[PDB]
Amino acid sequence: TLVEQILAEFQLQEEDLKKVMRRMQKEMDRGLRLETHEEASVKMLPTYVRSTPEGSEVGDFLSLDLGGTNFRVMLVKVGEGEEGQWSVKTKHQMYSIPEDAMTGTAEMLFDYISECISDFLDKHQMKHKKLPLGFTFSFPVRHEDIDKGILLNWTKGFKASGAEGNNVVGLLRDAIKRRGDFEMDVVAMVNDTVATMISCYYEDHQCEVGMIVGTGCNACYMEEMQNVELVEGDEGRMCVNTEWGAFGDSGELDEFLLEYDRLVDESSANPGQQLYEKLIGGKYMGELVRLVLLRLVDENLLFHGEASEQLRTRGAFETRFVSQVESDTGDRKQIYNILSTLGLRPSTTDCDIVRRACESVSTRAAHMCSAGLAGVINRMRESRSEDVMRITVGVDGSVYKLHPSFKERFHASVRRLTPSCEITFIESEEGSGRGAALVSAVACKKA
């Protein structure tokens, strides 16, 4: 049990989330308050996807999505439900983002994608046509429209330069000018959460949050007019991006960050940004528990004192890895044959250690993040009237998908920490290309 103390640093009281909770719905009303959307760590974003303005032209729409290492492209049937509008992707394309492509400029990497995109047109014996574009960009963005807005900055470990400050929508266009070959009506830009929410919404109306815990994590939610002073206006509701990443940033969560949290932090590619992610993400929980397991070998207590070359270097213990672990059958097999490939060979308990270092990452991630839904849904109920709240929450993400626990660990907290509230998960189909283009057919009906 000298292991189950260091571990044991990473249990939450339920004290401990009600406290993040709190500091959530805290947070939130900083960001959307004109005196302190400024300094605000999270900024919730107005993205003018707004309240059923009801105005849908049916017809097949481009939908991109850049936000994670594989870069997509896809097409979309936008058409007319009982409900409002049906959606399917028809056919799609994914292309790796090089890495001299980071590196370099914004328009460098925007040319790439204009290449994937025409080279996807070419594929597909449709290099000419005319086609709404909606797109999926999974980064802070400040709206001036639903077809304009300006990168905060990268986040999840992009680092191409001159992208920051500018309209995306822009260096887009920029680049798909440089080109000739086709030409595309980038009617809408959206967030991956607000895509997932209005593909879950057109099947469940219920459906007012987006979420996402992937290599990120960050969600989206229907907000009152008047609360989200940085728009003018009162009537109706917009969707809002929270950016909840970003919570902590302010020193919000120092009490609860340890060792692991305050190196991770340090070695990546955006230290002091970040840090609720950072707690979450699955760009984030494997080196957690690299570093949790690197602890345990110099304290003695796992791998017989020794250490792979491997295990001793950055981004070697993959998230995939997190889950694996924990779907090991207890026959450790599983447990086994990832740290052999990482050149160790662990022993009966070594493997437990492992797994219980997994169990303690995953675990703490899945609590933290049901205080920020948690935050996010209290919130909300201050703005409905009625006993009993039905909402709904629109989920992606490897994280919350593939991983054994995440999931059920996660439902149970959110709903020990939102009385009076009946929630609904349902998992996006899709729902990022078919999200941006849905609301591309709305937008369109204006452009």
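Residue numbers count along the first chain shown, from 1. So that the term is clear: the rigid core is the largest set of C-alpha atoms that superpose within 1.5 Å between two forms. What changes on going to the form deposited in another entry:
- For the residue set 274, 242, 136, 193, core-aligned C-alpha shifts between these two forms reach 2 angstroms or more at a single site, 136.
- Fitting the two forms on the rigid core leaves the C-alpha of residue 397 displaced by under 2 angstroms between these two forms.
- Annotation for residue 341: C-alpha shift under 2 angstroms between these two forms, rigid core superposed.
- A displacement of less than 2 angstroms separates the C-alpha positions of residue 15 between these two forms, with the rigid core held in common.
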The other form holds:
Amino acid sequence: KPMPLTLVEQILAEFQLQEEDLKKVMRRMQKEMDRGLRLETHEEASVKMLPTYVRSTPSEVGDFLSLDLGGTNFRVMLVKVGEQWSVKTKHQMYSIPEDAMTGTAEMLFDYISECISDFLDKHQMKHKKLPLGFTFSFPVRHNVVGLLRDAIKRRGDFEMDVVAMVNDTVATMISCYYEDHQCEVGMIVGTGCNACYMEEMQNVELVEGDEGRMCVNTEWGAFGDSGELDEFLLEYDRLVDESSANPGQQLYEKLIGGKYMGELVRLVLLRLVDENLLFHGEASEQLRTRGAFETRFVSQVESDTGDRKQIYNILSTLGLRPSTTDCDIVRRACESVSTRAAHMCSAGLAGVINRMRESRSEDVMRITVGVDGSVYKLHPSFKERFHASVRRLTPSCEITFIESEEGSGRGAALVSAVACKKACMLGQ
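Same protein, different state: after the form deposited in one PDB entry, show the form deposited in another entry.
Just this one chain is shown here; partners and other molecules are left out.
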């Protein structure tokens, strides 16, 4: 690596978070998680710690449908979960014709409903009112219940209960649990950022009972609206927040999520431009346009192999004619913002993991964390930086991170299993 420019590094060093900063953030998150779990303070808690009713001990529904929506295809699957759970399946991929996917959402779901009808006919299952759950297998890149319910109603020939979907973190946890039974945490680092985890029932005060565990959806994105992050906020963060749809809210998520990451980079570049450290102090009109620097541009800039080809092509699109030095600085700006996201994210997850270790009275905790989302998956080195930081903040914990594999769709079928069983348990 070359000796970097001192004045550039000074500006980028503002993104740095040391271990004591993260431990401070982690402890503040833990207090908000506590406040979310308590009956007395939950109502006023910013981090809601929502009971998911996904329990460690499951009631008996037999057959059900799982409907996996892809980009331009979908899968209908008939599932039977037997007791060690066996996931028995038969399925069918359907392609969506152009008219179906270019019409209204109703017309699209009329088609989906026709395919389900055809599938049920094929398997002679029209005699049952089956519950159906949705899962998503979109190609990763930086409502459906109602639509299907309405479309089934419109057909008026067979009945079927479309069950409420679980939160994406929960689906991630369940899907990953299928592969690894030590998975008791689900994390999403995508456009948004969130985590769920298996809390001790005694700590879930919103649900009576102290036996077993229940999944809690932190909705930790809302952390920060009482100033818990204020000392770590930079000018760029303040501007992002100020121009957002919800100023003052989702401050934690605003530091991590792919929704704002590109914008943060854009503002960093503009400051470097303003200080005559980048593009010889001339920014393009595209660079001075809000949202122009897409988050996908950040991961792409960081994917560059040293060739500067990726970066030069990104910046040329933005009407810039960058020198080699410009490209190198832009990469380091991207690094600085993305590493900070990984740091901030790690403090949250570390807070959860250390809480679990304490709650379970375990000297050494062994645990798997299931993770999904565009940032975590597509951003080069983000998950590695995230992993290393989480582990640094979690002594006495041995943490395995997994991403669920499509496989044969059984992890996804299990998500629908739980969703259907939950709906049943709650009396729909």
